[PDB]
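Only one chain is given next, in structure tokens, and it is the form deposited without the partner chain.
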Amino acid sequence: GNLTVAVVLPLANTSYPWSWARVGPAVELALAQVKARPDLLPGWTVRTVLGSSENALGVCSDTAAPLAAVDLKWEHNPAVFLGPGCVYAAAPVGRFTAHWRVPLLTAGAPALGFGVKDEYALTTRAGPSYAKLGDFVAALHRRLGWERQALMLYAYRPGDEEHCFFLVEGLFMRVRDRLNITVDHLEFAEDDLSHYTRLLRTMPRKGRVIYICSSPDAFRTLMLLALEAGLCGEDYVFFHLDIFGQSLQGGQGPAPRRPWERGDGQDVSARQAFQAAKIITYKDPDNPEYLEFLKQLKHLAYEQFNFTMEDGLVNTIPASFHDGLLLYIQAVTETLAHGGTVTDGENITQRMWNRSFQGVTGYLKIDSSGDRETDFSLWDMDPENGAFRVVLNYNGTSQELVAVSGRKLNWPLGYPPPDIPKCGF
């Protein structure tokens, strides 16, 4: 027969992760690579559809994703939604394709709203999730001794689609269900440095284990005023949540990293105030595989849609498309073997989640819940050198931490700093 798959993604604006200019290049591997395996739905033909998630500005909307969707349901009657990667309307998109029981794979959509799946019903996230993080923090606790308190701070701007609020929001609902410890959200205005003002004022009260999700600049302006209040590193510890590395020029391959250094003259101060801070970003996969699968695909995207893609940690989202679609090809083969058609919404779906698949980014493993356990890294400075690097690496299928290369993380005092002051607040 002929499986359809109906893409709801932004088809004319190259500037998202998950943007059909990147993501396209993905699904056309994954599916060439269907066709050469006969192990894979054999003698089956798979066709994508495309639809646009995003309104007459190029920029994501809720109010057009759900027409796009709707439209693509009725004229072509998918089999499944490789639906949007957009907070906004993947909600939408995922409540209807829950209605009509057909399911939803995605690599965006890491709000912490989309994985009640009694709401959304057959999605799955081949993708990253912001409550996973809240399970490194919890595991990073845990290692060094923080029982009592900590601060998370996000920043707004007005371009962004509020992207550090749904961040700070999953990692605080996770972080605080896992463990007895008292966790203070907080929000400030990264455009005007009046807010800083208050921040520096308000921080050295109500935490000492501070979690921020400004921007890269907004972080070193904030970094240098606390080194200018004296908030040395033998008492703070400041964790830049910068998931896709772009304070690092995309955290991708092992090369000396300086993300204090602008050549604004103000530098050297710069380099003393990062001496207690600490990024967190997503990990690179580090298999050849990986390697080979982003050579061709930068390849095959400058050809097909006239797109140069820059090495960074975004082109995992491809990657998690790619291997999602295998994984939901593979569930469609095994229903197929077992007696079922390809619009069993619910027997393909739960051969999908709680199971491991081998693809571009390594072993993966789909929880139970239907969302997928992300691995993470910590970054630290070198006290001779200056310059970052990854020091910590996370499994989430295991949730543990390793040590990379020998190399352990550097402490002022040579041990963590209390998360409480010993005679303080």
The other form holds:
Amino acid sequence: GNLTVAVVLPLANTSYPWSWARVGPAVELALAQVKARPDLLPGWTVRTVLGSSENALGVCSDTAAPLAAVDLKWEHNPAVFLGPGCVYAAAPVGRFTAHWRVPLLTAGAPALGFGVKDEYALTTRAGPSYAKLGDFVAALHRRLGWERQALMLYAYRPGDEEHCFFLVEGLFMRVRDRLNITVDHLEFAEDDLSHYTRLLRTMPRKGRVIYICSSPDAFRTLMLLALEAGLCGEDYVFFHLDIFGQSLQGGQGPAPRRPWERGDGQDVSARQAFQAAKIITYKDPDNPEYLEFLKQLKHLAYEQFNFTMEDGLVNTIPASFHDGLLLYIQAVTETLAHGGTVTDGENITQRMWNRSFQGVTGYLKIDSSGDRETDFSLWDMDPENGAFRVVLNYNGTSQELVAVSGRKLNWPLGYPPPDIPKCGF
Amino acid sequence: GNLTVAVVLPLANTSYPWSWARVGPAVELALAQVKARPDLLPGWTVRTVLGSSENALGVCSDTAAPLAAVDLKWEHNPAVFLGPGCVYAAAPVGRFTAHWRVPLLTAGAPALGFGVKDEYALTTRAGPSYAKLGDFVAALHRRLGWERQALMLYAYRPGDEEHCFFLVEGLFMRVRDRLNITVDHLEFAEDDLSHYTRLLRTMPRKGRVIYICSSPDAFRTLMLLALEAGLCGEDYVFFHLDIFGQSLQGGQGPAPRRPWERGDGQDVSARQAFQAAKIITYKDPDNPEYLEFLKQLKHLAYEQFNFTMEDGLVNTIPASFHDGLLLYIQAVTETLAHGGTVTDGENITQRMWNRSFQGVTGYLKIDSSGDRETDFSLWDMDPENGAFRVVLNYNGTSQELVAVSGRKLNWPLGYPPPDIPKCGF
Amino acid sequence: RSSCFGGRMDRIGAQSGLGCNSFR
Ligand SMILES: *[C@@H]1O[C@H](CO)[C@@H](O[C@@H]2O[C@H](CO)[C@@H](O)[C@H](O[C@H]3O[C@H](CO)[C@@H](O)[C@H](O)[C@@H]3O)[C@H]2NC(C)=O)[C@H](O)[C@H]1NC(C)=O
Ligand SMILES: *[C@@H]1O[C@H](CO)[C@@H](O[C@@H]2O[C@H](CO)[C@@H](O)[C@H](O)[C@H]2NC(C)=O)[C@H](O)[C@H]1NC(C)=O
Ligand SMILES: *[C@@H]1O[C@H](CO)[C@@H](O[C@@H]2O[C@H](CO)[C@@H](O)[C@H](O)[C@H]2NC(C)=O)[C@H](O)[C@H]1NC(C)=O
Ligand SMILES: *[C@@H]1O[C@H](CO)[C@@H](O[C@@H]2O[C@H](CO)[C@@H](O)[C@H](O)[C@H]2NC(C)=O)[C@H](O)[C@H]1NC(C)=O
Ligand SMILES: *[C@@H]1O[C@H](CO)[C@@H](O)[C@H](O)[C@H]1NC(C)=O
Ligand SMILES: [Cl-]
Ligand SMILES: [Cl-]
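Okay, that one was the form deposited without the partner chain. Can I see the form solved in complex with the partner chain too?
All chains and molecules follow, beginning with the one already shown.
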């Protein structure tokens, strides 16, 4: 028999974490591991049919992905879709495959709207989600005695696909249904220097625990302006939602990072503005089986796609696609062993949800609602040398914080500042 | 040859203005007229192929509309799409047909984002659009002398597909572009009383000229509370953006209306509560051919779809579909005259845009951007019997705000109130 | 959902930051 996998991913543009340049090699490693294992689809063949999800302009689009998916379905009749990664591309395709009753695997599409499993009834997300960053923040608040109020800022940059809007959307909508805190949001524009001044004039009267989604340079500028204005960190703490650790040169591996240094000249005053700043980031798997996967992933990305991978946490999306496809194949074996069909769709997914699986990225846990439990890590500065490193990891399945090698969060006062001053603003 | 016309409208739900139950006989009167005109598309026939834009639940959907459009496009090769009306259903089809280069006619889909025309290329809107309401409001402001502040409120109701959000968005964006005026916006839930109380408590601090988009019976419980809180008509003006005249039994005739009358025991206070309120509706055509067309349309709607057309102002959407299809036929006729073809989407379209027409709704004019120029109307209270009637018709082609003969705006103080209180906020 | 978050993931409703707190 033949099992057809439909890929709707950016084939030519190699700037997306889910681009076929990076995901492509990983799906090749996975599909050769099912062929080398007798206990996975014994005697069945797995073939991939490629469809693009991007314009003639090379950007993932909401009008090319649905049409590519429709063409793929009509011409190949896929068993499953490897799914777009972009939010606006994945939404229509998610609804379409929900109507067709075919699963949809994807390590992208992290927006909050995909958790409504009455519309995306068959969408399994094997990668990180923005909604599961809000139960990390809730646990962080509980550990540090924050129960009253917080503030959240996201930045507008025309190029991106509203990344911070969706990220803060998930964080905000999840951290106030399981906490009794008062959270308020606010939006500014990146590199509109007149907006930072207004933002600083507003912030003091809006909160003391602040979460910013922006680019690293925007965050560094805000930190410098806050230091100028006297928001010195004995009463403030700024969290930078840098999921992929792009301010930390990829955030993967043990190495001093010092993300406040750019040779700008004012990197001495940009050092004491970061001693009241934490950074939230995806967790780098530490498995010996994960580092061996990246090596051959990079090799085969160079051999077959002429693309050179740079280390970083952005490589956990290829690995999440690997794990998700392996999980799907193992759940499709059990559906056949029980007298089912490869085209159930509905019975296959329920053997993937509320299930825990061992992949290169570690021991997965696909929660009962489809999404996969995500792990994040917290970075803070070392007063000795002033370099950031991971200080506190969060295990998304057990939902409990873990310190690292006897590392304590560096608070200027020794203990976290309250989220409401003594004289309430 | 034959000219196929693909229809994507609700084929079974008769509760939408753009429902095939209503629009169905409207396009049948149009296609029965080209057959009677040797000078319109002489040596061709016209066919209609129907696709539904409805869930299994029975409502507009953004997954069934594009899928029906795709099936129609591939099974039949159309020359034009009569297009959905619901904004969330029309957007995907608009993008699809723009990609295929097939024109899209639609008297619905009034949202502001349909006018980009770098995305929705080849989309002629022959019916009302919410952006054109900002032009009417700007003319009102320039006439009545208030050019420094306004407040807009849109109510949220789970059922409707965010009608008031889109209406107020269009008005807000267009006013902001037309007037150097600072405006505020706010959203209140439709079905709870705490929201109304907080709204009235925080209204005196944000504006004196208020535009309200809400249900006909939720603007009357707001007007009662405002009267009870001392927000008399000396200081405030409350504009009810009731485009389809629900609060006025339709507003299709010259009879007195009394929107404040319910006979529930507090019908006396409501009459002096509505002395501070004006109502903004669409303009009902005043030409005899519109009345004859309605007379034929309601007979045909009953005699072919088993639907009893209500006598209201919501019937200008069927008439808009009729006029738009006749205009498209004229444009394609011209195109064929000059050695063209039915499939020249761009050339057929560019002859529709930026030119006037004579339908049953009057003398049309489609803006150079592709959107018909909309005419609005403004109702007011008679000081004698407290009956509502029109005082100001607005012509969108020449943007002239012309008052009815024998009628004038009646203000409690004899002249419009200021938009900024003399003392201050 | 709130006045800003929890809508549909269509690009047609993202034209204006209406209902959201913004500086632009
Ligand atoms: C709204 O405003 C327009 C004016 O801009 C009103 O009148 C129409 O104006 C146009 C000129 O822009 C006229 O052409 C049109 O009347 C003539 O149209 C064609 C032009 O060749 C001609 O063939 C006709 O016989 C007619 O003489 C004007 N309209 C009419 C009905 O004649 C328009 O009526 C205004 N609408 C309302 C509802 O008041
Ligand atoms: C690859 O995709 C990126 C998107 O990440 C493209 O960069 C964007 O290009 C658009 C133009 O369509 C700009 O408006 C954005 O500002 C760009 N964003 C960024 C972050 O650069 C890029 O042009 C594409 N390149 C190729 C070769 O396809
Ligand atoms: C996070 O915690 C979970 C459980 O709290 C860990 O999952 C265990 O992993 C081992 C490894 O084989 C399994 O044998 C156990 O059965 C798992 N526990 C369960 C399923 O309850 C997980 O390893 C932790 N994450 C990390 C990175 O250590
Ligand atoms: C026809 O469409 C209307 C929508 O205008 C449907 O009424 C809505 O139904 C949804 C769920 O189906 C509810 O959430 C809304 O509150 C309803 N709105 C109303 C009643 O104004 C109606 O059910 C449809 N009926 C048929 C027969 O198709
Ligand atoms: C549109 O039509 C007017 C006359 O009706 C003409 O002057 C103009 O050049 C046309 N094109 C535009 C305005 O882009
Ligand atoms: Cl994609
Ligand atoms: Cl529709």
